[PDB]
Amino acid sequence: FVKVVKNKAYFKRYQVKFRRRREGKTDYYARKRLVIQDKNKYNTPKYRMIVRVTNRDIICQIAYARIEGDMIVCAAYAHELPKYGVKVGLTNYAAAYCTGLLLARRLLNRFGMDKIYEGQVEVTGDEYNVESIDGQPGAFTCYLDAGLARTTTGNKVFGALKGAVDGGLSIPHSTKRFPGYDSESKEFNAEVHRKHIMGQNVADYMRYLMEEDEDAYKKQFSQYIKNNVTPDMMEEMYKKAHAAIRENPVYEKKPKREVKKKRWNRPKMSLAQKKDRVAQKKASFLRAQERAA
Amino acid sequence: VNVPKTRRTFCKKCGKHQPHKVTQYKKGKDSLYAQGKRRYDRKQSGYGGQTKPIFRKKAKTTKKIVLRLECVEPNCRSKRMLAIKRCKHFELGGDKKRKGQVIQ
Amino acid sequence: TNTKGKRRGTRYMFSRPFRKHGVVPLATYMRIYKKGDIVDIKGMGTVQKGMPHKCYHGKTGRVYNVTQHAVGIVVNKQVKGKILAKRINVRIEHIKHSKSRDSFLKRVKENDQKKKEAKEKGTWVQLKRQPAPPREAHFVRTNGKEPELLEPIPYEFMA
Amino acid sequence: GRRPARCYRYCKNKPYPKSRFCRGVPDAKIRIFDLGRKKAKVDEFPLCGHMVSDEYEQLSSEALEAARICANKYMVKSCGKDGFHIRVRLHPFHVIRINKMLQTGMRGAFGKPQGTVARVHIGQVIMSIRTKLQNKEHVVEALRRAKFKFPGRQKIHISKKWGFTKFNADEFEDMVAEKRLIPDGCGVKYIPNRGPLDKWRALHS
RNA sequence: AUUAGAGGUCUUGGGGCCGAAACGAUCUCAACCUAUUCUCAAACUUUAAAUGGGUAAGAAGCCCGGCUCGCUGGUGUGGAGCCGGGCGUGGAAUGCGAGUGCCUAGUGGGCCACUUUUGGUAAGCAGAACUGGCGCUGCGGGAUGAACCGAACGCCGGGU
RNA sequence: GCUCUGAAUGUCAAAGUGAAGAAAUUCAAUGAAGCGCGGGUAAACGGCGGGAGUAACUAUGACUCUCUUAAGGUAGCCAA
RNA sequence: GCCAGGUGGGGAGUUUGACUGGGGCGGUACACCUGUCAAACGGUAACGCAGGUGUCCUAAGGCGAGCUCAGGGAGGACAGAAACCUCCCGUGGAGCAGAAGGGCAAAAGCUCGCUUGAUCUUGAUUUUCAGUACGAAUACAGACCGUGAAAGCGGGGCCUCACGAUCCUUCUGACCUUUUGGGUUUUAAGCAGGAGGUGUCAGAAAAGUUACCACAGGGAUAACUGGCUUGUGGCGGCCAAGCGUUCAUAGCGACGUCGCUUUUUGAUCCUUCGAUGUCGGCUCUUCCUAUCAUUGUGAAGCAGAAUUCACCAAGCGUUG
RNA sequence: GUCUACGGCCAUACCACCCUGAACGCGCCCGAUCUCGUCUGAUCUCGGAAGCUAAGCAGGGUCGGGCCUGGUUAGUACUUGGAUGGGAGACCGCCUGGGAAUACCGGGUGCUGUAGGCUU
RNA sequence: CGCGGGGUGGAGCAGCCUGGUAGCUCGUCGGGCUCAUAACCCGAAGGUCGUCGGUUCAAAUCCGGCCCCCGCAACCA
RNA sequence: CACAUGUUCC
RNA sequence: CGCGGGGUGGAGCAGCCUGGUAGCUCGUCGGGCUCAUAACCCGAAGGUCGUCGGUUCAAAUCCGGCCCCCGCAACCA
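Residue numbers (my numbering), protein chains in the order written: chain V, 1 to 293; chain P, 1 to 104; chain R, 1 to 159; chain Z, 1 to 205.
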């Protein structure tokens with residue numbers, strides 16, 4: 001046979017990795033470079049923009065590191081958009097730009113920096129940077145926290161980032177990864193980025209499926225027909241959605257209703273039962289052994 | 001070891017990083033009218049034989065390779081020395097080795 | 001004789017403990033250090049840069065200079081019948097906040113508390129730590145039972 | 001030949017075993033540690049005798065080899081060829097050094113490996129014999145003939161353990177009664193009450 | 001590093017055996033695997049002392065109030081530095097006056113002992129650790145004695 | 001080691017020669033003996049091999065093979 | 001006559017390391033590095049132990065991304081023990097230039113892409129330490145750059161080793177200072193930074209011999225006794241497998257083990273180098289017994305003879 | 001009661017197998033026009049929502065392995081200090097203090113910070 | 001360190017000069033020959049002309065630098 | 001140009 | 001004892017220094033020539049580099065122990 005690999009000695013020596021590494025959720029090689037502060041700053045917080053993409057949502061949080069666990073200062077989700085103006089398609093590139101805008105505007109409104117630091121109202125898609133204003137409070141600064149997502153050109157972690165810098169945050173970045181940076185000749189094209197921010201690439205997919213095949217269109221964009229989103233109102237939808245965020249980005253928590261205090265979960269067993277299950281098991285073995293003999 | 005025949009480094013005269021040409025440094029011909037040479041010959045002239053120590057216990061089987069940089073800007077024209085650690089074999093701009101290719 | 005290598009004889013001094021190799025926890029970095037903190041040194045092998053020498057692994061000192069990834073410590077080193085207060089630069093990874101001081105800082109709180117409090121009461125309460133005294137005279141109840149008698153056992157050759 | 005055993009008698013140096021550093025060590029003269037009817041179960045040889053040491057000295061591999069034969073030979077005549085089983089419970093692992101002289105004197109006198117020796121503590125078993133209980137005096141004479149092959153003094157004790165087990169003879173059968181000890185040939189496997197339950201079903205069937 | 005049987009399977013095989021021939025079968029003998037079992041490690045180790053090494057046990061400390069900064073910044077934020085004001089039951093035990101600067105001789109062959117300890121068969125041998133001795137030192141004791149035990153010395157009387 | 005030979009000659013000093021240079025100076029050419037090259041010489045100093053195989057029984061090895069150096073100790077003589 | 005080159009032990013001057021169980025021979029313990037010794041801080045010796053070094057690297061340096069290794073199992077045309085392909089298991093059992101130790105798994109490894117932080121310049125500090133250097137190293141700071149979306153990271157190699165003063169030479173550095181009464185121009189000297197090296201590695205320029213020898217010394221140091229030790233040599237016990245036809249012990253006695261002795265040689269260097277006359281033989285005395293003979297005896301495989309073994313015993317002998 | 005995002009501590013959190021998962025959520029899953037990247041839309045990137053808890057995941061179970069924490073081993077081992085103690089030595093005993101580790105036998109099997117849901 | 005001359009078919013060597021032409025001898029191989037190894041003869045296979053660069057209508061050739069060897073001459077860290 | 005040798009009862 | 005070199009078809013030697021990939025003479029064997037043998041001619045076989053384990057893409061070669069053989073040295077009293 002073979003020498004058993006996972007033997008008793010193998011477990012006696014085994015050293016597990018960190019919990020958030022055992023699940024594939026944190027890059028501690030990159031987290032260490034992201035969240036720690038230089039020691040001559042002394043609790044000067046290092047804010048980072050935690051942008052996370054899921055299957056059906058986009059989570060954009062801002063946080064600074066703390067020894068008891070890094071603390072969320074402000075958050076925003078994708079599913080907060082149907083409140084404002086975005087019915088369906090809450091995971092595309094245009095959804096990310098909204099959530100980054102909704103995060104940025106909500107934060108400065110919480111720091112009283114709404115009336116200053118407007119940012120980029122008319123969305124263009126080129127390099128914008130909010131320089132601080134003298135006398136007035138300095139601009140907020142944070143860093144992107146990509147995570148385990150491969151940061152290729154056009155990745156939606158850069159889409160929400162664009163929504164934030166237009167909101168007024170001074171996030172250091174560049175235009176190498178935006179959707180519209182030419183790879184071969186190495187220059188940016190602001191017009192092409194404007195398309196994806198306003199969702200035009202989806203319209204040119206839905207307009208592509210009018211002359212090609214309706215069946216796949218009635219299967220690819222099902223909720224888009226359920227909400228009547230034709231390729232004609234898409235740019236003016238997000239453009240309206242951008243205004244409806246820059247005028248009231250406050251969050252309103254749902255009412256915490258009184259719970260009925262029950263249990264779906266399964267409760268753990270006491271020792272007295274475990275020690276008596278085996279006493280029933282052992283008894284039921286021998287009493288079934290005397291029958292057949 | 002292998003160094004490229006060109007390098008982009010800090011130019012003292014032009015004050016920033018700039019491409020430099022890289023060649024090896026060679027001992028100039030010892031002048032016959034330096035101070036130490038004129039002093040030495042005035043000591044050897046006449047009797048008494050050899051008057052200064054001649055080193056004989058050579059122990060180091062190498063040198064320190066020096067590189068003579070040259071700024072290739074049409075107006076800079078500054079050279080400066082730069083040294084590397086001891087090595088026996090040394091060539092300028094040797095063919096760049098490849099990764100994972102058949103050897104025979 | 002011996003060699004004067006920097007790490008001569010540090011086979012177990014800088015080795016990571018059992019089942020604790022690998023990436024270091026991040027609270028070892030996000031722990032702050034002001035000037036003049038009682039700080040002790042414990043060299044960590046995983047971070048090669050900024051390591052102290054082996055003569056300070058265990059020694060405790062105070063901080064006098066704080067840089068990005070390092071602190072300067074004023075530690076005492078005995079060298080052949082004299083002590084030297086020498087300054088060393090160590091990275092944060094080889095550094096802990098020494099708790100050999102705060103239990104006195106805790107004692108300062110109650111000493112400042114019990115001096116302001118009970119002053120309006122007009123009473124005088126003890127403040128200094130007195131060493132463990134001899135215990136006072138007391139009784140021992142031996143209700144009902146009698147003390148069991150002990151006896152040295154005989155010898156049984158166990159091998 | 002080799003030096004007298006008076007020379008390498010005390011546990012003088014640190015344990016210096018044959019390793020990556022001490023190479024070129026001759027094979028130990030003792031090679032066969034177990035002999036007799038070693039393929040015998042645990043329930044026919046209940047008696048076990050010991051030769052426990054009483055000094056902190058070094059026993060050579062030749063004394064271990066010599067005493068083995070003399071105890072083996074006497075047990076052959078006494079208890080047949082298969083009425084016993086002998087374990088030498090000391091394995092020679094310490095290497096002794098010889099400073100062979102050819103004139104150099106003591107310049108650079110780190111010796112060459114001479115032979116192998118066995119270090120033994122006080123109260124430690126040297127060589128033990130299991131056999132039938134009625135052959136009690138046969139063993140206590142056999143080990144007595146083995147004491148003259150070793151330096152210094154050592155006691156001869158009859159253990160209370162059943163055979164070569166670590167379980168006391170009085171508790172042995174009652175543990176085999178409630179199936180606490182499963183005879184594994186020359187030894188016996190101790191079954192606790194902690195494993196998975198299905199193997200408890202196995203032994204009770 | 002190392003001893004011994006056990007239980008496994010054809011997991012490969014050594015000659016085998018009715019088998020042409022078959023993991024079909026045969027007792028096997030081997031390794032291989034799984035529970036056990038004997039013995040070890042100055043240059044192995046999960047564990048892990050005793051002795052030991054730092055540091056702390058206040059006034060240079062605490063706690064208020066306010067300035068300065070080109071450093072640090074969402075934020076008179078952060079930190080550092082300044083002022084000003086207020087608090088002595090002196091914040092473990094014991095002992096003892098300390099600090100400090102010049103000039104400087106001799107020395108730089110050492111040796112012995114308890115314990116730890118390397119080489120050596122060992123040595124009144126060679127080489128180290130710690131402390132005390134001898135050297136530089138008499139005295140009482142060990143008959144005798146550089147070092148052991150006691151005890152260290154101005155000149156005397158009494159006592160012990 | 002010693003000796004003989006040579007513009008048929010590679011190297012080499014002072015000096016002279018030529019050129020450049022304001023000049024010190026530099027450079028180039030030429031450039032003796034000696035060395036290198038080539039002969040002679042041991043009654044010059046000195047030196048003068050190794051391994052296998054093989055004859056009517058054995059032993060032995062006249063012969064043979066091989067590796068080898070400038071030569072491989074010949075005539076003689078010997079536990080002097 | 002004066003210069004130049006050759007030759008020149010004919011002659012002159014001088015040198016011919018240190019460590020060291022005496023010196024020589026041999027080593028390098030002489031400059032460094034890892035483990036151990038080393039007695040749980042650090043420090044710690046020996047010609048103690050096991051090793052290593054006088055390098056190699058335009059990437060084996062610098063970033064970033066993507067990856068997962070060793071080995072094993074099961075599969076798959078030729079294809080097999082071993083080619084390639086796929087799945088599974090895989091805490092490192094691989095790899096990271098080298099010695100060893102430490103460290104390392106979305107990396108410090110492997111593979112790609114872009115690069116020169118292996119650059120320029122002040123100090124402070126650490127290591128050895130006298131708390132001097134050199135080397136090496138750590139924290140910064142001021143520049144100029146690389147990479148990355150960015151935070152960041154990088155002023156060579158994941159860390160512990162891979163190296164060198166004054167004087168001289170050489171090269172680079174500046175609209176540099178001096179070249180002497182002033183100016184110009186060469187030249188030369190300065191200032192700064194590299195390099196040419198001292199391995200006896202804090203750094204002389206160095207072959208022998210002395211039996212023809214000299215001097216200063218040394219018992220710090222050998223050759224002789226004497227001491228301690230007894231490996232070795234010699235001598236003697238214990239156990240008793242066997243030999244002894246039979247029979248362990250009349251006589252022997254393997255494998256082991258315990259001593260003794262200083263008539264062997266060693267080891268050591270304590271005493272003697274302002275000298276203790278260093279081989280034998282001859283001569284002559286006394287002593288020791290581990291007894292060859294002789295006196296008295298025990299035991300034999302003692303029939304007698306002869307010969308063994310053991311005891312009391314050194315009185316008397318032990319030759320040409 | 002519980003989940004997601006970001007975490008702290010880094011196995012009481014791991015590993016093996018089995019069971020059950022309301023709601024939201026996380027996922028799986030459907031596609032490749034655009035962005036981007038492969039031998040291959042498997043991965044990476046992107047556009048979605050027909051299906052599904054089968055898995056991942058969560059809770060639970062195992063006389064479970066491991067781990068954690070006690071008992072025991074044991075005042076044993078060893079050790080500071082002391083003696084004109086023992087012993088031919090090797091080493092041991094006592095005085096004065098400190099004091100371990102396997103086997104073996106138990107108990108335990110994640111806590112928790114910030115923000116946001118779900119159970120309304 | 002300075003000067004000189006060497007480097008080239010597989011070994012050796014020519015040709016470098018006063019530039020467009022890379023050949024000879026030995027050795028491997030086919031043929032013809034001889035009783036025959038041979039001798040002799042023919043044919044084919046055999047050359048980054050040590051390495052780079054400059055320059056030419058053309059360089060193994062000319063010019064600079066590097067590498068190896070040989071000869072002589074040099075010799076203050 | 002070179003070529004050594006010999007098995008014998010009848 | 002320390003140190004130095006050596007071990008390669010049946011025999012005697014290269015190759016080793018400087019890593020790939022194994023030779024030289026002789027001998028053996030077969031066929032021919034001759035009446036025959038030797039010589040001679042043609043053709044073949046024969047070791048995988050003392051042994052074992054390492055370094056390296058690759059080791060007769062480099063490195064380590066072991067085994068055999070040989071040499072030098074081992075001096076001053």
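Treat the hints as calculated values from the structure; they're not laboratory data.
Quick reminder that beta carbons are idealized off the backbone N, C-alpha and C, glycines included.
One or more of the hints may lead you astray.
[As the list claims (entries may be wrong)] Pairwise CB distance ranges, derived in the manner of DEER restraints: (1) 98/P with 111/V: 53 to 59 angstroms; (2) 105/Z with 8/R: 46 to 52 angstroms; (3) 106/Z with 87/R: 45 to 51 angstroms; (4) 9/R with 16/V: 28 to 34 angstroms; (5) 9/R with 79/P: 47 to 53 angstroms; (6) 83/R with 106/Z: 23 to 29 angstroms.
[As the list claims (entries may be wrong)] Short, incomplete list of chain V residues facing chain R, as computed with Cβ under 8 angstroms: (7) 15; (8) 17; (9) 28; (10) 32; (11) 33; (12) 36; (13) 40; (14) 64; (15) 65.
[To be verified] From the derived model, a few chain Z residues whose C-beta atoms are all more than 12 angstroms from chain R: (16) 18; (17) 44; (18) 78; (19) 82; (20) 83; (21) 103; (22) 123; (23) 135; (24) 153; (25) 155; (26) 179.
For which of the previously enumerated hints does the structure constitute a violation, in increasing order of number? Per hint list: 2, 6, 11, 14, 22, 25 violated.
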